[PDB]
Amino acid sequence: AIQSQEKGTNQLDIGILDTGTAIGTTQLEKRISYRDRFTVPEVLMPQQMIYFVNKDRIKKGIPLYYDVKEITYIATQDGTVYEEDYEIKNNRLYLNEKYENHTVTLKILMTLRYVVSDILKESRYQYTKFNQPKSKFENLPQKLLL
Amino acid sequence: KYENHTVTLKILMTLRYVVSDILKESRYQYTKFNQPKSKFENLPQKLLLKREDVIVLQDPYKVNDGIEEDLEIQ
Amino acid sequence: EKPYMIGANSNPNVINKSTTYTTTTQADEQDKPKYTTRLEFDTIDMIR
Amino acid sequence: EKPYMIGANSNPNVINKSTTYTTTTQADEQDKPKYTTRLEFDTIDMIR
Amino acid sequence: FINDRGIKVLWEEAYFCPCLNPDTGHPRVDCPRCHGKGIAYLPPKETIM
Amino acid sequence: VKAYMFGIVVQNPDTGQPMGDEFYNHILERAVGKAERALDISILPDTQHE
Amino acid sequence: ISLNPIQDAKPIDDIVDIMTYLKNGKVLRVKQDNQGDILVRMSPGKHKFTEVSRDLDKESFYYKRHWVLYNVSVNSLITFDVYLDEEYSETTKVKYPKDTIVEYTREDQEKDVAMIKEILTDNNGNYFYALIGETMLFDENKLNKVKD
Amino acid sequence: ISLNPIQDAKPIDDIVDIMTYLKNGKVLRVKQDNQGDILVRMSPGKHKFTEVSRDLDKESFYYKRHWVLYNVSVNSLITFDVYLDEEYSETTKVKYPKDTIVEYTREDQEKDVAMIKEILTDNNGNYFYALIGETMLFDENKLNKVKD
Amino acid sequence: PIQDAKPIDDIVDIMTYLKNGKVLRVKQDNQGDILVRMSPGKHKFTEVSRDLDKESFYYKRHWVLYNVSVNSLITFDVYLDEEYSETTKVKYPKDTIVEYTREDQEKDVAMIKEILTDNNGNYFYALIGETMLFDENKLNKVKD
Ligand SMILES: [Zn+2]
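Top to bottom, those sequences are chains A, B, C, D, E, F, G, H and I.
Numbering-wise (the authors' numbering), the first sequence opens with residue 99 and increments by one.
Numbering-wise (the authors' numbering), the second sequence opens with residue 196 and increments by one.
Numbering-wise (the authors' numbering), the third sequence opens with residue 2 and increments by one.
Numbering-wise (the authors' numbering), the fourth sequence opens with residue 2 and increments by one.
Numbering-wise (the authors' numbering), the fifth sequence opens with residue 50 and increments by one.
Numbering-wise (the authors' numbering), the sixth sequence opens with residue 52 and increments by one.
Numbering-wise (the authors' numbering), the seventh sequence opens with residue 5 and increments by one.
Numbering-wise (the authors' numbering), the eighth sequence opens with residue 5 and increments by one.
Numbering-wise (the authors' numbering), the ninth sequence opens with residue 9 and increments by one.
Isolated chain A, as found in the complex:
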């Protein structure tokens, strides 16, 4: 379970940065650790980015700041771009020679992801005894600050 999901944006001299709090609650018997990692394939997140092309980047392939699931919209100074002119491999982008010194921008969808930055109300406990041969210890859900 996940709650309070926030895409907190800080605009600074270094640039824009995405950071926010998301509060999660696990199942029983699971002992999460600091800086564990989660990824939610179901949920996709929109991002926007821009890159500048040169005679060197055209052949190597543009290294993307984000990951890729699918592309929503591409554009450049000459207008939009079609599927016949671009391809993506191993999370880097290739373009044909028509855009040697053009700019390129993309609206992109990426999988939601989280890391455990603190463990909060970390352990809750019950000596379950009713309808058991003997007393049993069960660890109740942790709360995670993602």
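Hints are not guaranteed to be accurate.
To be verified - Residues from chain E shown here face chain B by an in silico Cβ test under 10 Å; the list is partial:
id	residue
1	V58
2	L59
3	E61
4	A63
5	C68
6	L69
7	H84
8	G85
9	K86
10	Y90
11	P92
12	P93
13	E95
14	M98
Unchecked claim - Taking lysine to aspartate or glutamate pairs in the EDC-like style, the calculated list, with each CA pair at most 20 Å apart, reads:
id	chain 1	residue 1	chain 2	residue 2
15	D	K35	F	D65
16	C	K18	B	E267
17	I	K151	G	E55
18	C	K18	D	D32
19	C	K33	G	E55
Unchecked claim - If you anchor each label on the Cβ, the simulated ranges turn out as follows:
id	chain 1	residue 1	chain 2	residue 2	range
20	D	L40	F	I92	44 to 54 Å
21	B	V213	H	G49	37 to 47 Å
22	B	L238	C	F42	44 to 54 Å
No lab work stands behind these hints, which were simulated from the structure alone.
Quick reminder that beta carbons are idealized off the backbone N, C-alpha and C, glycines included.
For chain A, the structure is supplied; the task is to place chains B, C, D, E, F, G, H and I with the ligand on it using the hints.
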């Protein structure tokens, strides 16, 4: 007539907003009741909106429809 | 004389009805009232 | 003519049913309605 | 519920204009897509919010 | 029937369809039929061979 | 086999005639844009003052109008159309009033626009329309209105 | 001792024929991916406009479809399969439609893939399948589908 | 006659030309003119442009996706972009409310049925319900 005069105006303008943060950004439900199979639905986002004062752009150029409003039919 | 009968409907069909926007105008108007009960404090009892 | 009888079941077994994901597309759609009661303020009473 | 309590509003998505200067990384003062702002916009989509 | 239901529209909730006139006629024919027994009458004109 | 033509409620534009009628005490009906239709009157007797009533119907033995003092504004009269209450009535809320330009289909399958010069009614309460340049009177369904 | 073959509802790909049918006024049925199956129609009379109905069944004396004005998009037609409402029906929701490649077990215990060229039905409503290169018609249980 | 306009009647012809890929010009009411186009490549979808001028070394059109409505096409007037004429220098546009006087000295309103000119540039106008031609002065532009 007003070459070197001052001029002042009380003006009405359309309300406008920009998304300065996305908050409680995603809420989810595996809707299964009365469905052939499990379905995933994204529930409403909450947006923290900000007014457009420092930089102003005109209203977007929407494509109009030729259907007359309040049209009689018979 | 003749019996009073409902007869047929007369309302025509209307499509794509647009909303009404209150028009801005500097002219005066009159505020349409409602006459009904009023609520007040018991100021005498407040003094008490 | 013949009596109407239930007979046998026809639904086959299905295993490992995957969820449905709404597909992203730039194309237009139409938002399936529900016609029912609407709640509104009594703005006249608000004026009062 | 949302269609009931909401207000009609035009939703237009945002994307960085190609006119950005490749070296400084800052936009042209005037161009058709974006009027000095470094972010352009797509066609609007009618929406209730 | 509609007149007595002045201000009420009978409409499907999940689609914009109103119920047609045929249903009303079908109901009305059963309404007059029920009345014809409830007071032992023959109400519409008809020829009888008795 | 018909009824004679019915006059439309002429709006009054000149403020001078409005004030003269008011001084004579004849009732006026003001179509306010924001808050509906109201009646305006001059108080009888020596204590002259303007009065308003929202008892928006013709006076009747069983329905007597109640008048409240109000400070009616000149600008309100000027910007809002005003009618004599003796004329303005539910009798004929015609879809296409007199002097209105309407689109009508001619026998040659060519749509033309003409201004309604005369309107009358018949036994059934229909609205017969007279258009300039033609003698035959059209019906409600045949005609059409063009706005803006 | 059987029933003659049943035609499948041919999807329409060319936009030109779709528009021509629409101009003729013939009903269209659009399978929207996100929000189900809808009907599309051109308004009769002079005031031409597109209309939509979700009264998703064949028209009947006891069940009359209600049409709402809507601004149907060209892209919607192009990207979504569209069928003539005279054809698309519950009559035969065959598991393996025509032109579908299906896997069938041959008498030599060697599984082969063939494309269904003809489908028919019998008294019990079964689905007899014809496969290219063979004359005997297979049954539903024997066959299998291979996806991707 | 004048060759400044060649409106398309059938939407079927419009779709046929769109399949051929030729650009179209679509008028609006109290609003800017629009150009419409079909996207090339694998995926087919409509595209629009707010620009109108011809493409050149100093001027390039901008295209974006839009869910164009068939209602606009069927209702609004449509032309081929390449063959469109910017303006015909006449006082009154076609399909405009005008006032005139009939043969019996009776005043009547009408809309312009045809716009014509002679070889010397003198412009004649024909109104609905009037076969004869009218001078520019004899007409009157009715106020909305
Ligand atoms: Zn720009």
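Now the hints, each set against the structure:
1. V58: Since chain B brings a Cβ to about 9 Å from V58 (chain E), closer than 10 Å, the hint holds.
2. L59: At 6 Å from the nearest chain B Cβ, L59 (chain E) passes the 10 Å test, so the hint holds.
3. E61: Holds, because the Cβ-Cβ distance from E61 (chain E) to chain B comes to roughly 5 Å (cut-off 10 Å).
4. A63: With Cβ-Cβ at 8 Å, under 10 Å, it holds.
5. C68: Since chain B brings no Cβ nearer than about 15 Å to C68 (chain E), farther than 10 Å, the hint is violated.
6. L69: The hint is violated - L69 (chain E) has no Cβ within 10 Å of chain B, the shortest such distance being about 16 Å.
7. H84: OK, holds: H84 (chain E) within 10 Å of chain B, min 6 Å.
8. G85: Status holds, d = 7 Å.
9. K86: holds, 5 Å
10. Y90: With a minimum Cβ separation of about 7 Å from chain B (threshold 10 Å), the hint on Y90 (chain E) holds.
11. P92: Status holds, d = 7 Å.
12. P93: holds, 4 Å
13. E95: holds, 8 Å
14. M98: holds, 8 Å
15. D:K35 with F:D65: Holds - the C-alpha atoms of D65 (chain F) and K35 (chain D) are around 5 Å apart, at most 20 Å.
16. C:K18 with B:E267: Between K18 (chain C) and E267 (chain B) the Cα gap is close to 10 Å, so the pair holds against 20 Å.
17. I:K151 with G:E55: Violated, at roughly 38 Å.
18. C:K18 with D:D32: The hint holds at about 19 Å.
19. C:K33 with G:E55: Roughly 14 Å between the alpha carbons, so the hint for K33 (chain C) and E55 (chain G) holds.
20. D:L40 with F:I92: 44 to 54 Å: Holds, at about 48 Å.
21. B:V213 with H:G49: 37 to 47 Å: Taking Cβ atoms as reference, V213 (chain B) and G49 (chain H) lie about 45 Å apart, which means the hint holds.
22. B:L238 with C:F42: 44 to 54 Å: holds, 45 Å
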